Amino acid sequence: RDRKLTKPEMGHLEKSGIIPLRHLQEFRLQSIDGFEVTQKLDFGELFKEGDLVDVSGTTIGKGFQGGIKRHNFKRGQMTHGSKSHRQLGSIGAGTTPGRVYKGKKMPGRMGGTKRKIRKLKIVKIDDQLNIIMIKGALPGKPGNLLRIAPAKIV
Amino acid sequence: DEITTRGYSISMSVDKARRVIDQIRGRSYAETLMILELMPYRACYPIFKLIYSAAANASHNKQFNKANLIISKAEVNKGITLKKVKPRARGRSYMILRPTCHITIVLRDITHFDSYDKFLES
Amino acid sequence: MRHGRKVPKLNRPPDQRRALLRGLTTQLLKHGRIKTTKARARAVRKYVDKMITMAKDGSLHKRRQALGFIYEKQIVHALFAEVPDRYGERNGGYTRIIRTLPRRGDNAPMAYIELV
Amino acid sequence: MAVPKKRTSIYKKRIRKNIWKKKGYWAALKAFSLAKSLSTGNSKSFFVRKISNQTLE
RNA sequence: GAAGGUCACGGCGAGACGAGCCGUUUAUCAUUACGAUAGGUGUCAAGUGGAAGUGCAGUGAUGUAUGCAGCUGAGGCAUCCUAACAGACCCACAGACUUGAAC
RNA sequence: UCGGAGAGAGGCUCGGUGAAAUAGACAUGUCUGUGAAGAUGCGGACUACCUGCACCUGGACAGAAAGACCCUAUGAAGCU
RNA sequence: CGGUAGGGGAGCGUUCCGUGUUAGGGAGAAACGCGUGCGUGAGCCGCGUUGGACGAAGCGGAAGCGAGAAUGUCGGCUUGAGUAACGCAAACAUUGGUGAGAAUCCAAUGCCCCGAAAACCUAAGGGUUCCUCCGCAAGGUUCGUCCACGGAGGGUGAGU
RNA sequence: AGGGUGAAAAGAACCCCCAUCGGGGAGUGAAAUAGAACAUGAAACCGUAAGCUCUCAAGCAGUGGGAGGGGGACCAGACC
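Line by line, the protein sequences are chains BF, BU, BP and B2.
If you want the deposited numbering, it's the 1-based position in the first sequence plus 98.
If you want the deposited numbering, it's the 1-based position in the second sequence plus 29.
If you want the deposited numbering, it's the 1-based position in the third sequence plus 89.
Under the deposited numbering, the residue at position 29 of the fourth sequence is numbered 29, and the numbers go up by one with no gaps.
Any given hint might turn out to be false.
[As the list claims (entries may be wrong)] Quick partial rundown of chain BU residues pointing at chain BP, CB under 10 Å, derived from the structure: (1) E31; (2) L67; (3) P69; (4) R71.
[Unchecked claim] Here are the computed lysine-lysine pairs in the BS3-like style, where the Cα-Cα straight-line distance is at most 25 Å: (5) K78 (chain BU) / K36 (chain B2); (6) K102 (chain BF) / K36 (chain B2); (7) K45 (chain BU) / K21 (chain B2); (8) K78 (chain BU) / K23 (chain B2); (9) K138 (chain BF) / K250 (chain BF).
Derived from the structure by calculation, the hints contain no laboratory data.
A virtual CB, placed ideally from N, CA and C, is assigned to each residue, including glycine.
Sequences are here, hints too, so could you generate the full structure?
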């Protein structure tokens, strides 16, 4: 809480300690507040174990990802085909008013974006030292933030 | 327009160039010679000897000190072009033109009037 | 960017990389300072220090494979008895880079590589 | 590929000339490096034993 | 002429160019503020693979012992020895009128 | 059939040199309807900060071509 | 007293000529502004600046008599543009020399390609482009102290 | 394709910057805001400086009404 950051630290002295990377807020669920100790653990002491927990990570990035990658379903040759296969398959009309039908599958770009996996049971859970084991999946590559919210199955 | 020195028939252009003088405008004789020597642009020459051309002479020819000098006017104009021909396809879609430049700047003293006044009782 | 990329492939085939590199290498341990792009500097950097650590171990095992890189039988013996022995106390940092004034008529990059 | 109909020329073209703003010395401060009296704008050789010099004392 | 931003530098499981993320040799101030982002190096793992040299058996080829040895790209830990320079600039000085609730 | 990855020449950025088809004029959004009757510029209404880069590329009956199709003009050029 | 094609009825201006070596001008045409006054209109009059020579009031006469479009003609100049391209994919770099500057010149150490070939010789053609000393704006779709570029000299001596 | 600086060129010594290309001064001339691209040198096109308008507003966008702003007025008189 020294290097880089500066203003977020001083703006945290308000009864609390050790600042993370990014402060995240929650909703109503009947819990403790800043009046007893002001410090949440990783036990939740209420969400109950055994149940499934959702994981919202950060998607990766393939740069200016094309359209054949955001759908993966376009035939095309290469050794003799003029479509070179990789081509988006040539979309669009030839003599029709309309309005290029916006929103249709196209190349575009890719980058960091929320994902969320939902469900997924758990095999092991530990507190204090902080550590959790999710049933595979786990959006994004190890190095994001994740919200690891309870479960909004409702 | 006190002293105006430069030249013409330069081998540069009118587009790529000029963008260098538009940064030295309203700048002192120093703030302009400390930036050109860092500009990775070819336009830096003969525009480099330019800022030095407008100066120095105005020091022994007229009554203008080395300081208080600032680029008043500056602009790049297109001179004479040559209609060249380059083959490509049956020779038809061609004209070719070499946008030459002959900028003409000028230096002059600076106005400003400062006169701080305070009271010191003892 | 390639997830976990290292060592630029330049704008020429692989076999074209292990050929030009052989130059900036010997020329570095034969003269001292060599001018080149910032990319090449970062590239040759490792290809040079990795050739110095070999001489530190001596023996012949680090001489047969080494010869596979450089061909000059004059600069080879050097490492096995010249400057590497000087770094016998220093773990790494065999090479040193530094940026300078842009090229002449060309944009960039530009830097001079020399042994510390 | 295709061909433009009416060429406005004026206006439009001019606006697309802002992105090419005067890039004054594209680099950091790298001001006076002490005992340099001037020195180039962009970073340059530091001060210490005669280094980078073709000849020595 | 601060907070902050920006630029540059060293890089990025983030990028066409910009943006965005981490860091800038006290690895920015106190209290340990948890502050090696990269290259190299050392160790380890993994992938090939049991090579060079030498000795021995055989006319030779070839093989055997040391050798499950050596080599070793982006993987992991560790290590900042090299480059991340001391600084600048940009951005300012509690900051409009009327009315209501307070004083 | 679901193709993916990698190595090159372009593409992208910067430095130097440096074209074209085309074009009455521009502050040239969508939609319904209307209109010598499938216009963004009419009318109503909805939507919409100003201005670039890269890419995909339907509209402007886009560009090049007073079409080789038909017909018209007691035209022309060959042939049978 | 709307007006197309058309018919009819009135005028301005431009070049030149007669009436003019009369008169206006170097105390000065032409080119641009302004007074936005004037006529139904195309325009006219006066004048400032710039500029450099003659031009020409009035009526009439004689005109090759004033067009923004005939995919017009000639010349110059915008836009797409500063997008593409910079022309087989036989990569390139470095230490020095010279120069204001050179990755591509020269010199040295190598890589790489070809190897009946992008070697040499010769005919046709081309025709002085060969060599040396200098210079470079233009010609070399980068620069260039480089060049088959330019400007000066030198050089093809067989009865077979 | 491509015309004429001026009467006579006195068509620019020297000095300063640059690579001893180019320019600016010093001078000559009634003039070079006439000098070898040179006379008078408009328009299309391409820029600088100054006043006003200009991000929540759209359609060959001018016109009629019309606030404010930068200047010029008259010893108000409400105008350019």
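Quick rundown of the hints versus the structure:
The beta carbon of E31 (chain BU) is not positioned within 10 Å of any beta carbon in chain BP (closest approach about 33 Å), and the interface hint is therefore violated. With a cut of 10 Å, the hint placing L67 (chain BU) at the interface with chain BP holds, because the nearest CB-to-CB distance is about 9 Å. Look at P69 (chain BU): its Cβ gets to within about 5 Å of chain BP, closer than 10 Å, so that hint holds up. A least Cβ separation of about 7 Å between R71 (chain BU) and chain BP falls short of the 10 Å threshold, and the interface hint therefore holds.
Taken as a hint, the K78 (chain BU) and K36 (chain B2) pair is honoured in the structure, with Cα atoms around 23 Å apart against an allowance of 25 Å. For the hint linking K102 (chain BF) to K36 (chain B2), the alpha-carbon distance of about 32 Å lies beyond 25 Å, and the restraint is violated. Our distance criterion of 25 Å between C-alpha atoms is met by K45 (chain BU) and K21 (chain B2), whose separation comes to about 12 Å. Between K78 (chain BU) and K23 (chain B2) the alpha-carbon distance is near 20 Å, which keeps this suggested pair within the 25 Å criterion.
Only pairs whose Cα atoms come within 25 Å are accepted, and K138 (chain BF) paired with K250 (chain BF) is accepted, the gap being roughly 20 Å.
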